[PDB]
Every structure is written in C-alpha cells, then in structure tokens.
Amino acid sequence: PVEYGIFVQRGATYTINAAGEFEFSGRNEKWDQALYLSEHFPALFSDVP
Amino acid sequence: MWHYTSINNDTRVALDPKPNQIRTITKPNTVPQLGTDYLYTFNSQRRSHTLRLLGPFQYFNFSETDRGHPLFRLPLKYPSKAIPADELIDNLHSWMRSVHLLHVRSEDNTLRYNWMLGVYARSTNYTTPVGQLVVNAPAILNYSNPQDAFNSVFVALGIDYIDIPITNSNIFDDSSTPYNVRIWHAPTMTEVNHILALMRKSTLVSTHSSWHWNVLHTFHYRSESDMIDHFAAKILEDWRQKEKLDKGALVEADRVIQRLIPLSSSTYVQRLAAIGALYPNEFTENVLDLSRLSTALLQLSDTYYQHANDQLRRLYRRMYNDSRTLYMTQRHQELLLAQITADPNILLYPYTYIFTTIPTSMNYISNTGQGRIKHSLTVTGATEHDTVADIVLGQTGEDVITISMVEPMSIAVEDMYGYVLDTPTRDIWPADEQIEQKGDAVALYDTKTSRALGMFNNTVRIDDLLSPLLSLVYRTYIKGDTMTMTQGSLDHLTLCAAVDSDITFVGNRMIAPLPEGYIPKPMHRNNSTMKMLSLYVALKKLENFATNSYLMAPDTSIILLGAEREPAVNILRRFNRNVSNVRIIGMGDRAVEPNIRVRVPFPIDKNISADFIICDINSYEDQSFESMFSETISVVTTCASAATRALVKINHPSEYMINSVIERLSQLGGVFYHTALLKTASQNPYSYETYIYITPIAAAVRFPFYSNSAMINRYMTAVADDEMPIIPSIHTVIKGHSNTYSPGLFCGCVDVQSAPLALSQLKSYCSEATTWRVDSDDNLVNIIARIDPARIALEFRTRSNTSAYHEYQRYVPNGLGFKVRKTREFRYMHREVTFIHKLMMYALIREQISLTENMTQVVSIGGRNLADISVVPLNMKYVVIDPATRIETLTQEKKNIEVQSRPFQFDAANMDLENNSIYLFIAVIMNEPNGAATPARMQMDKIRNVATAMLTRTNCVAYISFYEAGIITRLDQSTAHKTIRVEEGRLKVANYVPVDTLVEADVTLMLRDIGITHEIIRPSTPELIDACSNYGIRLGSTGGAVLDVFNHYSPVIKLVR
Amino acid sequence: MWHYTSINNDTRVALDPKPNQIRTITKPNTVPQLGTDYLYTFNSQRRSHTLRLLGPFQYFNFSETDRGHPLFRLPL
Amino acid sequence: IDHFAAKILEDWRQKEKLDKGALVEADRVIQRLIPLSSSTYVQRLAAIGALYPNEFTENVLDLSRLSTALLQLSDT
Ligand SMILES: Nc1nc2c(ncn2[C@@H]2O[C@H](COP(=O)(O)OP(=O)(O)OP(=O)(O)O)[C@@H](O)[C@H]2O)c(=O)[nH]1
Ligand SMILES: Nc1ncnc2c1ncn2[C@@H]1O[C@H](COP(=O)(O)OP(=O)(O)OP(=O)(O)O)[C@@H](O)[C@H]1O
Ligand SMILES: Nc1ncnc2c1ncn2[C@@H]1O[C@H](COP(=O)(O)OP(=O)(O)OP(=O)(O)O)[C@@H](O)[C@H]1O
Ligand SMILES: C[S@@+](CC[C@H](N)C(=O)[O-])C[C@H]1O[C@@H](n2cnc3c(N)ncnc32)[C@H](O)[C@@H]1O
Ligand SMILES: C[S@@+](CC[C@H](N)C(=O)[O-])C[C@H]1O[C@@H](n2cnc3c(N)ncnc32)[C@H](O)[C@@H]1O
Ligand SMILES: [Mg+2]
Ligand SMILES: [Mg+2]
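Respectively, the protein sequence lines represent chains B, G, S and L. Going letter by letter, the first sequence gives residues 545 to 593 in the UniProt record's numbering. Going letter by letter, the second sequence gives residues 1 to 1057 in the UniProt record's numbering. Going letter by letter, the third sequence gives residues 1 to 76 in the UniProt record's numbering. Going letter by letter, the fourth sequence gives residues 228 to 303 in the UniProt record's numbering.
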C-alpha cells in the first residue's frame, strides 16, 4: 500500500511528449481499452524508476 | 588560433584486449576494486543504486543466467540504503569469477580480440549464428585489421548484417533498450553508400559520421522518443567537443563529428539535427537548460526556425530540408582530410556540406546553479526610454519570499556587554537655567515624546535582537561542542545567560561535559535581562577598568533594585557560584522570590546596604510630573545612600531632572558624589532611558552639572511629531520614472522576458536589487529591491530616463539567478553607526537647506561618490570637488551635475566661493585627499580660511563638519565601541586613519574673532527617525549605545552670510 | 503615542503558492527537515506526541487513505 | 466557547501589542469572533472580550483555564 500510494501519486497513466519525456497524469484512474489508441499509456509499464 | 589540433583515434578498438589478456581479463585471483574495476554509487535522494564496470567490461551484454546471479538481486535487498562495500565486492567478485569468454590465445603481436562479438555470443549463450560461429571457431574473434574482424564473420555466415543489442551503462537497470546497433557487411566506401541510401528509405534509422572498427554500423530505434533522447545526448557531446576544439586545445576526439546523422526520422529529430549542426552560440553562453536537454533543443530550433537573423534562419532551414546531409564547419573538414590522409581506406559519411559559421555578437550572461543575483543598478545607460508602461509585479508565496519585520543582529558575544559614558560638563547651575530647563522638561513630559520614536523603540526590541545569538550559545553547549573559556569571561556570562542549569569548570578554562542523557532547559529572559547583565559588567569595569574577570570579589554584595522574577539575579548568582560569600538579591515592589518584595524609599526599620546597586525602578502608572520627579529623586537618593556604587535608571532624563539629581546629591551631608551618565549596548536601541552612575569620591567634583549631554539630547530633542510615523510599504507596480513611492521595498515577480525591463525601470528608485528564479523550469523571476532615497534624489534631478537595458537583456533567461531555498528579507536592514550618523547629518542638512531661499547651487567639496546628493533639492545645481570622484560625462550632462575632480584649496587667495551657494564640507576637513590625517591646528586653519574667504561674498552658507575633542575623553572611559576608537588620542572611525580633534570652545572663539555669523548645530532624534524611516534602517544595539555620544561630538559648523 | 501603527495583510493568501511551485511543494527529492518542514515534540509528562507541518502544509486535510499511512500509525 | 476563548486571547494580546505602539503585522485588525447566534455564555465571552479589560494586562486571570476565567471576569 505504501509504494502503491507513492506510485499512483505520480499518475495511473502517462503520455510521451513531442520532446520524448514522459508526462504522467497525476491522477488515479482505471484504464479502458478506449485508451489503447489514445496518447495514453498504462503507467505500470513505463519502466521509469 | 583557427585550425583545430586534434588527435583522432578509434578508442573503441583500443579497448579490445590482446587475445593473451582475455584469460585473466576478469582478474580471477583478486577482488575487484572500486575506482578501477568498478564504480558504485547510491543516490540517497532518488534512492537508485548504480554499478558501472570499468575497462573492457564497460561493454558487457548479460546472459539471462548472469542476471540470475545474486549480485543483480542486491539493489532489491537494500531498497533504501547503500549496498555495503563488503557485499558489493563479494558479489561482483563471484559473478566476475563466473564469466569466461571463448578465445584462442596466439603468439602474433598484431592480434586483438573482438570483445563485442565475444561477450555478445556469450550473452545469448552461443545460440545465434554469430554465437555458433564463435563457439565452433573461437579463433575467428582474433583480428589484425579491425574491419576484417567482422568481414570474417559476415563471409562465414553469408548474412548482410548483424543486429547487436546495446548494453545499459549501469548494470543494475534491466530496462528494455531504446535502440540496437546493426553492423553491416560493407568493406568498401561503395557498399557503405548503397547501404546508407537504402537506409534513407526505412523508419527510425540513424548513424554516426564515422564508425569504430572501420565497419559501418547503424542505430535502429524502437520508438521516436528514443531516437530523440539519443540525438540529444550526441548533440551535447559534439557541442562540448567543438567548444573544446575552438579554444584550440589539443583533444583526443574519438571521432571528429560526435553527433548522429538521421537517415530516416520524424520531424523533431530533423530539428535536433539542424540546430545541432549549427553549433549555436546559446550553448557556449549556457542559455539552454541542460536538465531537460531535448526540450530545450526543440525550443532552440524554433527560434532558429524563425530567427531575426536572415543568415541563421536560411541556414537552419537549409539544414532541416537536407537532414541526411552532414553539416560541418571548415575547421572540422580539415580534420576529416587529415584523418583520411593518415588511413586512406577510412570510412566516413559520404554526403556532406561545408557551411560557414555565422558570427553573433550577443554575449549572454548566464549561470545555472544556486545563488541569487545581487544587482547593482546603474543610474544611467546607453538606452533611452520614452514613457515606459507601468510594470506590475506578481503576488509571491511565502515558499519563495518572506518579509521579517527587523533584521536580527550578528555580533560577537563580548560586544553586547559594552557601555558608553557621558561626564558632567557645567561648573554651575544658575536659577534662570533651572526655570528654563524645568519649563522644557514639564512641557515635554506633559505630552509624550514622538510616536515614531516610540514605534521604533517598540519594534526594535533588544530581546528579539539578541535571541539568535543567545540561543546559538545554547545549541552549542547542548551538543557539548562548546569548550574553553575563562572563569570570569564575558563568554562565560553569556553561557550563564543561555542555560538554566548550573555550569562548572572541571579545571582551568574547561567547562564540565554534560551528564549523560541530560538536556538542560534554556534560561528564561525577559527584555531587560541582558541589559541588567551589561549594567553589572558596567559596574565591574567602572570599579576598575583593566579587569578581564567579571566575578564579584569575595565578601561583597549587589542589589538589583527593580524586580519581578528578575532572571538576571539568578544568572548572576549562577555566574558567581565559585566565589565565596556573595549576596545577590532583587528588591522590587513586584518582586517574587528569591527577590524580596519591598517599596522604595526603604521602610525606616529595614536595613539595606551593598557594594553595588543597580536600580531599574519605573512607574507603570500614568502620573503627574511632580510625583514622578519626587519619586525619581527619592529613588536616586535612597540608591546613593545605600551603596558605594549606585547605577540608577532614569526614565525621563531631561537636563532639569539630572541636574536636580546632582543638586540633591549635593544637599546630602559629608559625601562628594562623582557621577556620570551611561548607556549600555543591551538597552533597546531607541530607548532614551539613561543610567546615571553615582559614586562617592574624596574630592568635590569640578563641573558637576550637565548641559547638552548627548544622553540627555537623545531624549530632549524628541518631541511630538507633526506627521504620522512612516510605515514601510511593499510596492509591486513599477511606474516608469514616477517619484511617488513612500519608503519601503519593491517585491514580486515577472516573466523572465520582462525582467530586463523591470530592472531598468526600478533603477530609478532602488540603488540595488536581488533577483532569482526558483528553478530552471519555473519562468517567473522574483525580485526584491529596497528604495534608496539617495538614488531617488539622483535619478529625479532631470526628466531623462536612461538605463542599461541593453546590458540587462543579456541576462535572460539564465543570467538572473536561481535559488530553491526560501529567502527572508527584512523591512529594517542592519547598517553601521558611522553610516547612520552620516544619514542623520544628511537629513539635518537637507531640512536645513529647504528653508534657505534663492540659492543657485550646492557645492559638496569632498563629495566622493555623490554621497551628499540626498541633501540637495531636485532643482538647484549640484557640484562635487572630490579628487577621487569618478567622472561620468554622460551621467553628469544628463543629470545636471558638475564634477571638479581636483583637490580643493582652502587657502583664502585660491578660494572661489560663489554668491548664492551652499558649501558642504562634510567630514572632509579632517583628512588630506591622499587619506593621511591633517593635524588639528591645520584643520582649524582651513576652517578659518573658509570663514574669511566667505566673509566677503554676500550670500553663502557653509557646513563644516568636524570632531569635537570631548569624545576622546569619553571613549577612553567607555567600552562599547566596535567601530569608533581612540588610538593615541585620535578618533579612528571605520577603516580611516586616526585623526586629531578640534575643541568646540577654541573653534567658536575663532569664529567670533572672524566676525562671521555661525551656529554649531548637530542632528537630533527626529533626524535619526527620518533617516531610519526613509532608508529602511533599524539601528542595532552597539550603534544604539554609541550613536548619541558620537553624534553629539560631530558638530556641524553652519557659517552664514 | 495614541494612534496605532499596524501593517494589515491577508496572511492566509500569502501562504497560497504560485501554481508553478506546487509540483515541488512537497520537495520530493529531499528529506523533510525538522524546524523547517515539520515540528515534532514528545511531551513525556502527558505522553502525547505532536507533529506539525510547516509552510503551506500547516493547512492540510487528510484523505482516509492518507490516514492509512504508517506515519499516522507511529504514535501507537 | 473554546473557539471564542482562543480568539479573545489573540485579540487581547494583539491590542496589548498595539497599545504599546509597536508596528505589528496584524493579519486582521480585530482578531476576535462575532457571534451571530449563540448561547448566553458566548455572548458574555464576546462582551468582556470586547472590553479589553485591564485584568488581562495585569495577568489577574489564570490562562490555564481561560474560558472559565473569562466567564468569571464577565460576572464581575
Ligand atoms: N553490446 C556491445 N555494444 C557495444 C560494444 N562496443 C560499443 N558498443 C555500442 O556501439 C555503439 C556505437 O559505438 P561507438 O561509436 O564506439 O560509441 P558511441 O556511439 O559514441 O556510444 P557510447 O560510446 O557507448 O556512448 C554504442 O552505443 C555502444 O553501446 C560492445 O563491445 N558490446
Ligand atoms: N523548429 C522547427 N524546425 C523545423 N521546422 C519546423 C520547426 N517548427 C515548425 N516547423 C515546420 O513548420 C510547421 C509548424 O507546425 P506547428 O508550429 O503548428 O507545430 P509543430 O510542428 O509542433 O511546431 P511547434 O513545436 O513550433 O508548435 C511544421 O509542420 C514543421 O514542418
Ligand atoms: N456574566 C454575565 N454576563 C451577562 N449576563 C449575565 C451574566 N451573568 C448573569 N447574567 C444574566 O443574569 C441572569 C443570572 O443568572 P444566574 O446568575 O442565576 O445563573 P447564570 O446565568 O449561570 O449566571 P452565573 O454564572 O453568574 O450563575 C442570567 O439569566 C443572565 O441572563
Ligand atoms: C520596568 S520594571 C523592570 C524591573 C527589572 N528590570 C525586571 O524586569 O526584572 C520596574 C519595576 O519596578 C517596580 N517599582 C515601581 N516603583 C517602585 C518603587 N517605588 N519601589 C520599588 N519598586 C518599584 C515596578 O513594579 C516595576 O515592575
Ligand atoms: C573622509 S572622505 C568622506 C567624506 C564624507 N563622508 C562625504 O561623503 O561627504 C572625504 C573625501 O573628500 C576628499 N577630500 C579630501 N581632502 C580634500 C580636499 N582638501 N579638497 C577636496 N576634497 C578633499 C577625499 O577624496 C575623500 O574621499
Ligand atoms: Mg562514444
Ligand atoms: Mg488566524
């Protein structure tokens, strides 16, 4: 629960910027497949420390 | 120094070991060692571990078996703290023992072992065709010519290329790699051309300008963002390299053009390639923020995409439309030609263009990294302004700026205990003088002294002023960090004043260590504690001056006559624990125990006596003047009768009151009481309350009465104000050349783009201005700048609005500050007493000047850097005659200020005093221009010369400041003078040479012999309040004590015609 | 000295940060420090712990998730 | 009652500091609360609270049990 809080404060998803930096939502939202074609990515799989 | 000198070399080839060295390449016998075999670092902030193998191992693919080793499991085992060197070394050691690279050792010296293909084959566990080819024929890894190392295996396999994965540099991250490096079978330049041209028709590929092992190798990116971050790092590398080359230093460039050449990429990469090839001035100037490099790079590109310079814009556009072409300056190209002449069959990128670098004159100031900038704004500049629009400053959070009411004092512990004397001067007290002084004292007591003075007294409390110093002594004693000090030392008295617990030395000069687990509570001090302590020190120094120990002599007593809890009696009792037999008691009407509760006058039955008495009696109740007078008289009388050394407080130190005290002391039979007025540094800086000091002496005292004493003048000159006290405003809207600002300070924030403008506008008010941005990402720039009256008096002399705006625009964006830490400005900053006296004299002279009518000009001889400018009105012409003054003909012409820039001759024949002129001679009379002190007879001579020289011209007014002799008598007897001194009988203000002083009586006698009108004025309390209210200056304690006796003994002769 | 001299100000507004400062308002990179970021005191007589966040945090509502954090479990 | 008490204390300390004539950063000129609808006892707190009675400057009240003392003061 502690690490999860720390993780999901960063955001439930992210998007790559045109500069190639990641930008996490900061929001805790459940994912939907409608987002698969969106700019959004699941944040679990960012592999960003 | 144009042509580059660089030694090119294939560093990645030099790294590949001789085949004989591979067997021991892991150094199996010995432990891997930090700083040679590895680099481990634990970043406690990001809590990320990072291992990095050195030598050949810096390029090591790991087999999934290698990942299974406990070494890589280590960072998980220590989530929060650094891996201990023992475990790291043992794990890296055993894992290192596990690795073994297939190889055949050979005798020929020309061989090298193909480390890349070796470790790569090992990582895949010899499954891929290169792995098979290697496990079957390890001798294939040996190579003489670097390129043939791969040609042997492309020929052996029949494949056109091998796609080789990149290692991560840190061996702890297991993240999927952003790209991979394909290696092509292209033995000649023609094959390289064909492969490049085919590559320019396929997604996400890029390459280097030249290739290691002389074998073509392409990068293939998994996603556009990865291509961007790679291109970024490479651009940075080539810019650093070209910067080092342009400085002309010899450099070991592994390849002449470090940055990548996209063959097929998105738009954004093509922008990176474009500005990257520009080698823009902005990188050398550090205008970019490197923390978010690619972003900054994208941003830079945009400006270059629409650049004001046609050359740079057409150039950048051109580079963007031909991204596949490599662009290089000529000085690079010669290095390429040298590299070809050395090794004729070297492969380098076929499609290139040689642009000429475009010069740009904009020398940006910049500095990433912490530190607010402390600007010193110029009065004028090359830039002209016409009606600049008002510039609003943003609201700022307390997270960035806070505004504390008063700057806490910084000071040595001893300096707090000092005091100043003022001896009696008058030989007699005639009755008409008594009636006059009584009338002034009654009229003054009947209506309370100035509300502004009382405001400063009630805001600049001494308790808060000394708290940061006192608590610091507590925190150090609490850690046991404090150590050596003398038994009677003032540092010891401060230690007693810091902590409630008794302290004891274990021996000479060594305080006892605290008992284990014990943390004594800090001493509770009310506002008057430290003052009572300094009065104790004062009585000690007065009993004899040479002393360093301040402990009471054995078998003696002292009484703190005004008392509540009186913490000082406890601190003092604690101070003297090692001394046998020392009575110490408070004795107030409000006294709590230990102190006896009792009224003064003492009840007739009660017997009281002591070697010392320190009265601090003060009626809280409002009362009639006659009642307060009789009360203070009975207080001083009872205090003098009861001790050989009284130290009475006087709440209302009028001349009449103090003289009544000396007269009443005269009326007592059989004892001639020597006396002196006194003021300790631990008093509140603005309180006019003064400590009279009585003591019997065998002789009758010549000159026993007071007149024009400094301590008395501090009180008597204060009177009810004609205006409300000036509360310091915090301004935000910077009007362009306005002069409507009340004293205070500008404070806020602007866009970094507007920032050069805002500084250029507020130079009109503020003499200096700190600025900073909170972080590299936040674009707002905070600014604080207090308003200097002197700068207003300078800038508003004429309507012209010049500024160095052109210089200030060199600041944006990195050139004006960074500070993540919160900053805390004070509404009332510290200033040295000399500076304060100077400002007071300026207020006195300025108010004096506004009364004067029809004078064409002010001439401040010895004006230095326009120091006297605050005095002169915006209208009348100003002149300076300081030889040391710097000339600024643009500033002079723009601001109506002549500057003579020659030494002024005091000789009457040489004198050229104008009619209708105000001649300032402030503090210049005492020094020669070279800085050596002039002898006092010569000073009196030059004063007489100015007097006779102005005797003839009908309208003139001179202000000759000088130092009166009496002060040397007083500083000889005082203690609190960190600034002022008495070296060999001469005053030594600030860093200035000691300088002999005039006596006021001889000077006045001389001016009377001359026959010129004069009036020896000196600045008073309201002037002090004006200087402090205007400049935003709190006084401070040592300055508070010394300022009265200092101000009284810097008379300003006012010659008038 | 009759008339009062006071500088009025909306201190609670001055406490609200600039929007740019919110991202780093928790100072994520560095350890919170006593006497600046917090004030902790243990009153051994009443045996009551007392934490007190400084700066903008002096006004912080806690989500029931925040209460579930071990920090708040510490005094027990 | 306990809120009104703390606010009365704050305004009395503030007015005491103002009357000494020191410049002060009063966040609001009249620190104490204005009941709009309350019981009798609160109205007593508001009343003696607005008196700024001499007893506070003299420390005649015991501040350890503030509201009680305040109620008591009101009665006199
Ligand atoms: N797997 C593996 N990759 C290697 C080896 N040597 C070099 N490389 C990779 O080859 C790429 C290009 O090689 P170089 O031109 O010599 O160096 P570079 O492009 O400046 O990249 P770096 O030196 O690693 O920063 C780099 O990204 C390296 O990761 C190796 O021995 N094994
Ligand atoms: N820095 C640049 N370098 C080269 N070409 C550019 C640059 N900026 C824009 N262009 C070209 O001009 C067009 C401008 O597009 P636009 O500015 O609307 O969005 P963009 O391409 O994301 O650029 P920006 O990031 O400046 O918004 C693009 O199609 C691009 O081809
Ligand atoms: N301190 C006070 N301030 C204002 N009104 C009061 C005060 N004390 C009493 N009164 C009024 O007078 C009446 C007196 O009531 P009584 O004294 O019997 O009990 P109480 O209201 O609890 O007061 P107390 O606490 O003095 O006993 C109350 O109804 C109230 O309206
Ligand atoms: C301004 S206080 C300072 C006392 C001391 N410096 C301290 O605070 O520890 C002076 C005290 O003297 C007391 N006092 C006034 N008149 C007195 C008198 N006639 N005899 C004895 N004490 C008196 C008052 O009660 C007042 O508290
Ligand atoms: C002691 S300094 C400071 C004076 C004073 N504080 C002020 O700013 O007006 C006096 C200055 O006067 C200049 N000066 C000294 N002797 C002078 C002389 N004989 N005629 C004109 N200027 C002189 C010196 O250059 C020196 O810098
Ligand atoms: Mg490299
Ligand atoms: Mg509040």
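Hints may contain errors.
Using 20 angstroms as the maximum straight-line C-alpha spacing, the simulated EDC-like pairs for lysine to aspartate or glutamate come out as follows [what the hints assert, rightly or not]: (1) G/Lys819 - G/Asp778; (2) G/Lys81 - B/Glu547; (3) G/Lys978 - G/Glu414; (4) G/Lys606 - G/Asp622; (5) S/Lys27 - B/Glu573; (6) S/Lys27 - G/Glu398; (7) G/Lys374 - G/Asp775; (8) L/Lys247 - G/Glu847; (9) G/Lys735 - G/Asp775; (10) S/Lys18 - G/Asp622.
Computed Cβ-Cβ distance ranges for the label pairs, DEER-style [claimed, not checked]: (11) S/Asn29 - L/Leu263: 40 to 50 angstroms; (12) L/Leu263 - G/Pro408: 37 to 47 angstroms; (13) G/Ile478 - B/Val546: 33 to 43 angstroms; (14) G/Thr969 - L/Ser291: 51 to 61 angstroms.
Hint data in this document are derived by calculation from the structure and do not stem from the laboratory. Just so you know, even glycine gets a beta-carbon here, dropped at the ideal spot from N, CA and C.
Would you list, in rising numerical order, the hints stated earlier that this structure does not obey? Hints 4, 5, 8, 9 and 10 contradicted; others consistent.
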